[PDB]
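Take a look at this single chain in structure tokens; it is the form deposited without the partner chain.
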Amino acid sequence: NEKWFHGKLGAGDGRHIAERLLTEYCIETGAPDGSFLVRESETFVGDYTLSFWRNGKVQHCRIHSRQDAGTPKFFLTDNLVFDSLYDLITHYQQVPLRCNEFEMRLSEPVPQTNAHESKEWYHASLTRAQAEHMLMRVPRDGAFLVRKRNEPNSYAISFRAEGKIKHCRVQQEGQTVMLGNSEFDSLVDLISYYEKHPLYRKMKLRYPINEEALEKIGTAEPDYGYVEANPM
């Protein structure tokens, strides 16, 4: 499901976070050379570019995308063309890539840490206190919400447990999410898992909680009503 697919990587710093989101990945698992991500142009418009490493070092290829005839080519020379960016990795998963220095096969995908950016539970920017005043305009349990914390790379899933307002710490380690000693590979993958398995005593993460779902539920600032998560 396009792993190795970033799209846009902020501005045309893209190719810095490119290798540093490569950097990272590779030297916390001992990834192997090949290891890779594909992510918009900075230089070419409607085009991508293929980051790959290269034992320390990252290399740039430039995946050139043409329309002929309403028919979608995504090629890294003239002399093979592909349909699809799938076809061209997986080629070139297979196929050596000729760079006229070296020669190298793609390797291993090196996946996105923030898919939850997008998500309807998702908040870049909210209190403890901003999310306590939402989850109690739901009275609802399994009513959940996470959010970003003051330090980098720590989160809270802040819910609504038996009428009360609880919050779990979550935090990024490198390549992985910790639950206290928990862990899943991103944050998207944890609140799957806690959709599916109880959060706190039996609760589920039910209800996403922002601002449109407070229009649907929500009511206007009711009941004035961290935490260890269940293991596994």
Second form
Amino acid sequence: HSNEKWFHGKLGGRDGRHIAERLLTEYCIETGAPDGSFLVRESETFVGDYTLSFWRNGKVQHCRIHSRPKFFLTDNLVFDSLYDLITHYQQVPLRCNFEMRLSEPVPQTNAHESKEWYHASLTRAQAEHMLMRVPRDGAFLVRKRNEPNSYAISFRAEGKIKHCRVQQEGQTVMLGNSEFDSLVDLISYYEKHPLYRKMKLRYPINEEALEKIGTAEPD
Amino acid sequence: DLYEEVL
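Starting from the form deposited without the partner chain, produce the coordinates for the form solved in complex with the partner chain.
Below, the chain from earlier opens the complete complex, with every other chain and molecule after it.
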């Protein structure tokens, strides 16, 4: 279930219900998503269990998923995995004192946070310092900017460090006039196609990378 | 401009 579009894991500790409501509201109002659009997260009330959160005409509903490997919404219908429970309830509706068939998964917009090239706290000067110690064109990093939902790709090209602004615009990311589903998708595209002149993103830079392929002092 | 344009 870990790589599934709909599996968000632990959201935030006990603020996860409100985070899930926000994520579903954002996806659903933005894309014009149908009822039953959903995500699964770790329960913050029932530890070890999961919570299914879904869209219902502007209102978010939450249902407990018991995990004993036995997964279930009701003591009547038990599944071996979270994928099987979700797949079954996409074809057959779940009942409450309304009926709801699960429809489209709400994907995570933050999968970049675990990538080796991503830095949540890094200044423009800080990125230039790190990249001037990597004498390879195509060395790059992505850093969060001070504006919310704004990032920068810092890269080495023609012996100098250049920067590109990436904007998270609702459920997609924009780099100039090019649009991707997420920051991870944008970076994976620019590793196979040039971002600046003929330069592709080739060498992801972090602290571990600097001790291996980096110099002690900048140029 | 501090940031490069991409088209």
